[PDB]
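Here is how the chains run, residue by residue.
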Amino acid sequence: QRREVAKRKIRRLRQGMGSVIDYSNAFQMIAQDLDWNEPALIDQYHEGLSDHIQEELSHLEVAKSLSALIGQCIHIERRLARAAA
Amino acid sequence: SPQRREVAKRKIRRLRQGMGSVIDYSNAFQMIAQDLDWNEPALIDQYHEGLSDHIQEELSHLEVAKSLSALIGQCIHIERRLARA
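Chains B and A are the protein sequences, given in the same order.
Per PDB author numbering, the very first residue in the first sequence carries number 162; after that it's consecutive.
Per PDB author numbering, the very first residue in the second sequence carries number 160; after that it's consecutive.
If you're looking for bench data, these hints aren't it; they were derived computationally from the structure.
Where is the CB? At the ideal position from N, CA and C, for every residue including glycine.
Heads up, a few of these hints could be off.
Listed next, with one range per pair, are the computed distances between beta-carbon atoms [to be verified]:
(1) A:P161 x B:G232: 15 to 23 Å
(2) A:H236 x B:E222: 39 to 47 Å
(3) B:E199 x A:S160: 15 to 23 Å
(4) B:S226 x A:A244: 51 to 59 Å
(5) B:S228 x A:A244: 48 to 56 Å
(6) B:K225 x A:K170: 13 to 21 Å
(7) B:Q189 x A:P161: 21 to 29 Å
(8) A:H220 x B:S226: 34 to 42 Å
(9) B:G232 x A:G179: 36 to 44 Å
(10) B:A246 x A:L218: 49 to 57 Å
(11) B:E222 x A:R169: 14 to 22 Å
(12) B:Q215 x A:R175: 20 to 28 Å
Make the full structure from the sequences, and use the hints.
The following block contains the structure:
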């Protein structure tokens, strides 16, 4: 029952106007109910990132594990935020 | 290779049965997926996501497929049941 809801929710999950940190927390919370393997989860996680994070990621060699990709994207966000100020 | 994998992960997510046949959709899906490293649960869920609504609705009256081939076979039989002369 949880798995069905999770597969729907994760596909709709977006960073959108919000932060990588909140997106990543919600993503891992939902993904714990999924039986997708790590490559599929990485691709879904990337799909939901905001355009500006995806643009920054395109300049970099992207981590090939989900936890490392989350760390990479959080760092990108933190850097852009510190630059804004 | 990594490049084929990147292409595959974008193409599989945009692939849709639309107004076309289950067999054409399924052959295209499996062709793309040969270059992916997603496990069978993730492929099942993506395949379902791309089906036409009229096939998806009829799936609810059937046993839940536990393999990609089983789901494809169900959809082929549903299509044959619904097809106009």
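Here is what the structure says about each hint:
1. For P161 (chain A) paired with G232 (chain B), a C-beta distance near 20 Å keeps the hint of 15 to 23 Å intact.
2. Taken as a hint, the range 39 to 47 Å holds for the pair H236 (chain A) and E222 (chain B), whose Cβ atoms sit roughly 46 Å apart.
3. Between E199 (chain B) and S160 (chain A) the Cβ separation comes to about 19 Å, which falls inside the hinted range of 15 to 23 Å.
4. Here the CB-CB span from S226 (chain B) to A244 (chain A) is close to 53 Å, well matched to the stated 51 to 59 Å.
5. A hinted range of 48 to 56 Å for the beta carbons of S228 (chain B) and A244 (chain A) is consistent with their spacing of about 55 Å.
6. The supplied range of 13 to 21 Å is met by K225 (chain B) and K170 (chain A), whose beta-carbon atoms lie about 20 Å from each other.
7. Between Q189 (chain B) and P161 (chain A), the C-beta spacing of about 25 Å keeps the proposed range 21 to 29 Å intact.
8. Remark: the range hint 34 to 42 Å for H220 (chain A) to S226 (chain B) is upheld by a beta-carbon distance near 40 Å.
9. In this structure the supplied range 36 to 44 Å holds for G232 (chain B) paired with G179 (chain A), their Cβ-Cβ distance being about 41 Å.
10. The given range of 49 to 57 Å is respected by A246 (chain B) and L218 (chain A), whose C-beta atoms sit roughly 51 Å from each other.
11. The hinted window of 14 to 22 Å between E222 (chain B) and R169 (chain A) holds, with their beta carbons roughly 18 Å apart.
12. Range check, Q215 (chain B) to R175 (chain A): about 22 Å between beta-carbon atoms, so the 20 to 28 Å window is met.
The structure meets every hint from the earlier list without exception.
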